[PDB]
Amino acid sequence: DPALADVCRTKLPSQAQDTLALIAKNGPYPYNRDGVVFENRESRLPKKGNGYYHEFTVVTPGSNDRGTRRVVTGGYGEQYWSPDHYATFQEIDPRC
């Protein structure tokens, strides 16, 4: 599977960290599309079975738009950061 950078959880935008904490609490989430399956159609994340991955909005004050920033979870609690609606991913390192 392809090359993903690591990013320390503490180095993520405040809002990204907020999303990680909401995910850990099982919501309630701010958007209706929070928690929808991410199908990983570009194989940017490790290839897994159907429904392995889910996506959550990372709030962008930037406008009134929902925006492009996302966390994607895996089935065993993997966490990935994507600022750009899945064009790119980094693996979130829960240790730093």
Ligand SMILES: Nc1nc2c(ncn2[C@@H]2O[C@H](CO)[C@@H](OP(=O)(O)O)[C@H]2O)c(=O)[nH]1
The other form holds:
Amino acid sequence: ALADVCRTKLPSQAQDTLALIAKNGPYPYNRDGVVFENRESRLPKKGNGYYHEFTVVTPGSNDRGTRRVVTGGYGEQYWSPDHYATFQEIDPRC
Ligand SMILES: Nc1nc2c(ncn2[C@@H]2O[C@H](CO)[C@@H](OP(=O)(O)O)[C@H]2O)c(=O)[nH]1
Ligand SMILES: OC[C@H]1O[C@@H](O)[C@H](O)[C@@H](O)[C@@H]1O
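Write the structure block of the form solved in complex with the named molecule for the protein whose form deposited without the named molecule appears above.
Starting with the chain above, the whole complex follows.
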């Protein structure tokens, strides 16, 4: 049961991250692209290595912070402002 968000409504940092995803980087962190395990199953329960996580920069700071995009195996994209506590499916069509 998944909240949905239009790509245009995403903070501009989140959109930068999707742009880096679409050209496969370079990414600003070695941790970008690591397997997201979906341990809590807030996202569709899928096989090993389906999901990958990518940093969204906090505005102001250049630390990683708590903002993230998880991608799925067919290019589904998920937004998390709250360090994997909740997810919204990104609709790239709006
Ligand atoms: N909550 C949660 N975090 C995960 C899961 N799988 C990987 N992570 C997080 O993804 C990141 C890379 O392994 C780590 O957090 P981080 O964003 O602080 O680096 C790790 O804690 C998961 O299934 N659930
Ligand atoms: O040790 C490797 C790590 O260095 C950190 O400073 C960065 O966030 C990443 O590039 C990586 O996850």
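Residues that one form lacks are left out of the comparison. Under this definition, the rigid core comprises the largest set of C-alpha atoms superposing within 1.5 Å between the forms. Numbering follows the first chain given and starts at 1.
Measuring CA movement between the two forms with the rigid core aligned, the set 50, 43, 26, 64 has one residue at 2 Å or more: 64. Taking the rigid core as reference, the CA displacement of residue 90 between the two forms comes to 0.2 Å. The protein segment that moves between the two forms, counted as a run of at least three consecutive residues with every Cα displaced by 2 Å or more relative to the fitted core, is 61 to 65 alone.
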